[PDB]
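First, one chain by itself in structure tokens, the form deposited without the ligand.
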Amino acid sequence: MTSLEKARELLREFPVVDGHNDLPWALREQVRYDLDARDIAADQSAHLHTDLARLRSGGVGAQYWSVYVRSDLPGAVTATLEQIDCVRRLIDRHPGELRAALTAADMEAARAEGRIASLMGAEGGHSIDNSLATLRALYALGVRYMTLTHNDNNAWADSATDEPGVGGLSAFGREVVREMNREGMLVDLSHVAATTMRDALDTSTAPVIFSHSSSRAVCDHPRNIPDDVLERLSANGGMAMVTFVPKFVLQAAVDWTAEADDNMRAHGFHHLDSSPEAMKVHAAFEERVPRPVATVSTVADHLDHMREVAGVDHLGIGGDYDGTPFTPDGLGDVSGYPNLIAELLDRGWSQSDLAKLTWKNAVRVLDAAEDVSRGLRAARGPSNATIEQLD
């Protein structure tokens, strides 16, 4: 059989545990949670990267649904609760295809039943409003990982796409990591600055993750992971879940985006300006300079290097589907995973290597978080420290 056929066979036994899908945010923005207007039990290819049929075709066996909310707007806690509610509604609306999962055991139970284990991950520390009790509430509601920052710094952690702030994690930031360790919530280092990554690794007593980040050595961009950080994963026991975002993984895309941003500023616009005037300027740029397109090979290049530095037991996949408008050819939506697995097979990756990449590493890491939590919960009570006290 072909590598693609083999890939599908392998995925049927050990499916993909995707680390980060922003479907909830897409539903919030596109139809304000009017789920009937974007019923994932139907074909949503015209509007979204995600729907049930494509998840099945893609071999996805577990999904960490992101409950991301904007950090530049007030009411982040309320919005996060609405995002969590959206995930719960999706699970309740499609019991035949989805199963809520809070533990590693739940993930295996879902796999045995043929249902997609549905977990939740908060994206950005602003979701807890500098409140440790709020962090605990999110865990109680089912959140199993929290990206310490999104694109902007928060009061206690520095983002990779912002200027230096506290220098990584502040004293309160370390307290947040300690509490996440006690609760059993995975510390997610995607989006954070390299300084923050190192501070988190120094502090965490549990394996950490990168729900959607690739290799900085392969493609120099702050959203990717430096080799020195990848090297620490074996000792920490965590894992880096490679992402597909073109402007992060393809060198030509990183350069193109930088030039596009410069062009925007050349016209007196902030590179993030979305006004009709700004859009006209950007359209003109893309007209004379076509947008580079990434491929499955691009992503495989990252995984090859990540495997070399971090080790096969410390890798995963986090597509960032419905969180980014652009995708690599061959990975246009959630049905594309088999193409990546096929490419890796062609590159010599073994069946066991791939089972770790797709399923086993993720289950091991969540189980580890639970194990560390058992020890810490029995050793001490929860923290009631405030950011004022520590910072």
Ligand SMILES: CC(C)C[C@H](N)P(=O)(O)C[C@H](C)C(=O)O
Second form
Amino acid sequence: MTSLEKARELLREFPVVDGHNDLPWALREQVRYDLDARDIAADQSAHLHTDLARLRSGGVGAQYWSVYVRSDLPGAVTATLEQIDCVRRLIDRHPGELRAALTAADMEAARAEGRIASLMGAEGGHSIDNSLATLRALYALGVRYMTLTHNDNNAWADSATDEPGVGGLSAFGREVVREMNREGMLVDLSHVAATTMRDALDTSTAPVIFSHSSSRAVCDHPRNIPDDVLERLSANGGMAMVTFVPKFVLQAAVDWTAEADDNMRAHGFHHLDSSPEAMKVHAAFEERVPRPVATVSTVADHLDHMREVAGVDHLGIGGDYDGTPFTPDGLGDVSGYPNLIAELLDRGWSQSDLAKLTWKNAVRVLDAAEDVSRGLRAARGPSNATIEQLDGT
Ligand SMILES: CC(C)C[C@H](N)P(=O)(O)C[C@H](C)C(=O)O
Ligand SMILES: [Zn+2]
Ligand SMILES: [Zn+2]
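Would you mind generating the form solved in complex with the ligand now that we have the form deposited without the ligand?
Below is the whole assembly, all chains and molecules, this chain first.
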């Protein structure tokens, strides 16, 4: 059989646990959670990367649904609860296809019955409003990882896409990591600065993840992971879940985006300005310099290097579907994973290597978080510390 046929067979046995899909945010923005208007039991190809049929075609057996909210708007906690509610409603609406999962055992139970294990991950520490009790409430509601920052610094952690702030984690930032360890919430180091990665690895007593980051050595962008950090994963026990975002994984796309941003500033616009006038300027740039396109090969290049440095036991996949408008060819939506697995087969990845990448590493890591939490919950009570106490006025 072809590599693609073999890939599908392999995924039927050990499906993908995807680290980060922004369907909830897409539903929030497109239709304000009018789920009938984007029914994922029907074909949503015109609007979304994600629906149930494409998840099945793609060999997705578990999904961390992102409950991302904007850090640059007020009411982050309320919005996070709305995102969590969206995930709950999707699970309730589609019991034939989705099963809520809170634990590694739940993931295996879902796999045994052929339902997609549905977990939640918060994307940025702003979702807890500097409140450890709020962190505990998110865990109680089912959140099983939290990205420590999004694109901007928060009061206690530095983002990779912002200027240096506290220098990694502040004292309160370390307290957040300790509390996540005690609760059994995975520390997610996507988005954070390399300093923050190192501070988190110093502090965490549980395996950490990168829910959607690729390799900085392969493509130099602050959203990707440095080799020295990848090297620490085997000792920490965690995993890096490669992402597909073209402007992170393809050198030509990083360069093009930098030039596009420079061009915007040349016209007196902030690079993120979305006014009609700014859009005209960007359109003119793309007219004379077409947007480069990544491929499955681009993503496999990251995985090859990440495997060499981090080890096969420390890898996963986090597509960022519905979180990015652009995708590599062959990975245009959630049905694409078999194309990546086929490429890896062609590059000599073994069946057991691939089962770790898709399924086994993610289950091990969540189980490990539970194990560390058991010890910490027996050893001490929850923290009552405040950011004022630990970081000062
Ligand atoms: C505004 C919403 C769509 C942002 C997404 N939650 P994101 O996952 O942070 C996508 C981005 C390319 C990244 O991961 O850096
Ligand atoms: Zn992200
Ligand atoms: Zn996201």
